[PDB]
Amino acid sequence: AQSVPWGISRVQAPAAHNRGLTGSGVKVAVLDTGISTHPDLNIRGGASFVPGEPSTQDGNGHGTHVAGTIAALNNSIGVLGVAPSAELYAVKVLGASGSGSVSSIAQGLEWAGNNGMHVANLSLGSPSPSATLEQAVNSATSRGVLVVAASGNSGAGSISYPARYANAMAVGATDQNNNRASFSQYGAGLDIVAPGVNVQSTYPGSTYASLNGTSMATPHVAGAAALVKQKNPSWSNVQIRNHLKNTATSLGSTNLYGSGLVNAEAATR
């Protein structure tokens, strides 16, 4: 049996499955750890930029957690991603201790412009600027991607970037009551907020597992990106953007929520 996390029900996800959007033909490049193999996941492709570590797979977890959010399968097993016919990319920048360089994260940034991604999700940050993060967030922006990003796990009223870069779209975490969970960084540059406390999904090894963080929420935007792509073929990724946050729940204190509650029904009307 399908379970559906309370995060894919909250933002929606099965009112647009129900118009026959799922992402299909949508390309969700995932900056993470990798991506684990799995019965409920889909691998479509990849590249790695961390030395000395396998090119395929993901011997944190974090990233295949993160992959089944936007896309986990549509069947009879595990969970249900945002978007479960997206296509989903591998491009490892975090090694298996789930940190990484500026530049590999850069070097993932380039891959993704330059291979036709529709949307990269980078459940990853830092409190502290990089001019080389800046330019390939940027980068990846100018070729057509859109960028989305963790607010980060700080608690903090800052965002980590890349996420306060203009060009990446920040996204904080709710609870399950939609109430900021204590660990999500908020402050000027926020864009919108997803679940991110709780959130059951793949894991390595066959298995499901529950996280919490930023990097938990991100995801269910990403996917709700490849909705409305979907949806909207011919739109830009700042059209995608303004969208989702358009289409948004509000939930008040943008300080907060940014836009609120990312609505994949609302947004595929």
Contents of the next structure:
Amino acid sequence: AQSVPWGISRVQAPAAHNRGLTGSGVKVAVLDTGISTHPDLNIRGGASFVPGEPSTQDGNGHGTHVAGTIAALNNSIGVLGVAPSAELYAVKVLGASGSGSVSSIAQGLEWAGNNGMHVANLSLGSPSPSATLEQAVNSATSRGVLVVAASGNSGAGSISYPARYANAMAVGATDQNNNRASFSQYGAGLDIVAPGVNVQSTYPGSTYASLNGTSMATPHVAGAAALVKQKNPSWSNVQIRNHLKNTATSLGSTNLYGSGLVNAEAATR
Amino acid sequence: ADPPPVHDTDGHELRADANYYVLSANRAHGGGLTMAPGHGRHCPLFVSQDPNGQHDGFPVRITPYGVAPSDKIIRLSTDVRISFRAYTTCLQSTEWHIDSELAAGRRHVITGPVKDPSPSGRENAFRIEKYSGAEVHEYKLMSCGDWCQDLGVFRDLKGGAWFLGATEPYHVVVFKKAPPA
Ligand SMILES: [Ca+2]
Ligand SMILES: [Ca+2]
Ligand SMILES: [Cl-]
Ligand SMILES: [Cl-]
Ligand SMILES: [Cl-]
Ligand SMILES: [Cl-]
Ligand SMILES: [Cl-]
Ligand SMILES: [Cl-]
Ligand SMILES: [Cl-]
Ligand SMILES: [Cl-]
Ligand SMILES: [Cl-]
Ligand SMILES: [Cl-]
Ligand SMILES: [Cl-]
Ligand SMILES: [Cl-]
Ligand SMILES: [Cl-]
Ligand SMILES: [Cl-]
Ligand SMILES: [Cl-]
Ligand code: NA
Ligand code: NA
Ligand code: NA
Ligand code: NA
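Starting from the form solved without the partner chain above, please write out the structure of the form solved in complex with the partner chain.
Let's see the whole complex now, leading with the same chain.
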């Protein structure tokens, strides 16, 4: 039967669903290892930018898990996304190995701009700066994409790239007591946090799996953006971002948590 | 004096922080270097060699280990840090280190953090040396702590991933500058 993962209830998505906000009409791209067809997902399309790996199917599992946290279907099986009616696009920019180049990722962001994505979720990164990668984020942002990226798993006091670039919204991970998970990177670049420990979601072969990471936190925010956008279709990527921050539940220092815990109920009220 | 420089495939001296693919000197020996995960536990990713001579892998950024020298030319037989220009589901450092001199087992080159660094923590120090083969400018990679160890590739044709590590024959390489990047 369908379970509501605890992070879905923590971000208060069901209260948004009760006010008729499920993310319908919102285009969300998952820039990741691909998305496997799964009973509890609806994949509208996408593209691959990984040499040798032409399909948008997930040979790793990661992108499929991230996609379920955003948009796992509301039905009688598996789990439930923050935004179960969001239109999901699989943009493979990482190989099955789990790694991608500046160029794969940059072509994925260009794809998101050219196809009118409202949200791009990038649960991926590293400490490697790249001006070419920053330009691509800036370009997608100028074309209306809200770029949402994981703060990183190193535990350090600065955040990963691309999340660290100003026009990515950087997301850290919280635990079941609203504390920063110890791996979750923070710093001045951080915008907001979301659940990222024991996050059950969709997994290839019609399965489910419980992962920990800032990669799990990020889709909670990408989903909430989709809810805000459904409610306010004329809002820019910037207005959505500010509103998610303005309505977040403050948890302590902005350096450790940014605005605090994303709150889909307050964001859509 | 201070050691001679390492050169890229275009004859220019290697510079700190510029991006270079690490290609096999002999294309018959395979492709450039990438990252490959566990089968079970994905992260940390290992450094591996693409078996396909046509695949360049990810470029690497090379920086002097220790105090910053003024010119920024990468020199032979001089400790340097090496990290991939790449982005991962692991969201961890892409800097290389070799398995600790103090650990049991084979030694591989891996990326990311370690639980239990060695006292000196020199496992992230590598050197580029001249290969007595090198009709033209071709190199071997080594890691030195209390001994020096040249790096080769654990080939497997399964094939599982071809892991870089303490094994001979050594992996002879060349550095190709990433095209305007
Ligand atoms: Ca479901
Ligand atoms: Ca070998
Ligand atoms: Cl749960
Ligand atoms: Cl209402
Ligand atoms: Cl499409
Ligand atoms: Cl495609
Ligand atoms: Cl494929
Ligand atoms: Cl089920
Ligand atoms: Cl660069
Ligand atoms: Cl630039
Ligand atoms: Cl930061
Ligand atoms: Cl709590
Ligand atoms: Cl299946
Ligand atoms: Cl599970
Ligand atoms: Cl790290
Ligand atoms: Cl071993
Ligand atoms: Cl070789
Ligand atoms: Na940012
Ligand atoms: Na901040
Ligand atoms: Na679980
Ligand atoms: Na030579």
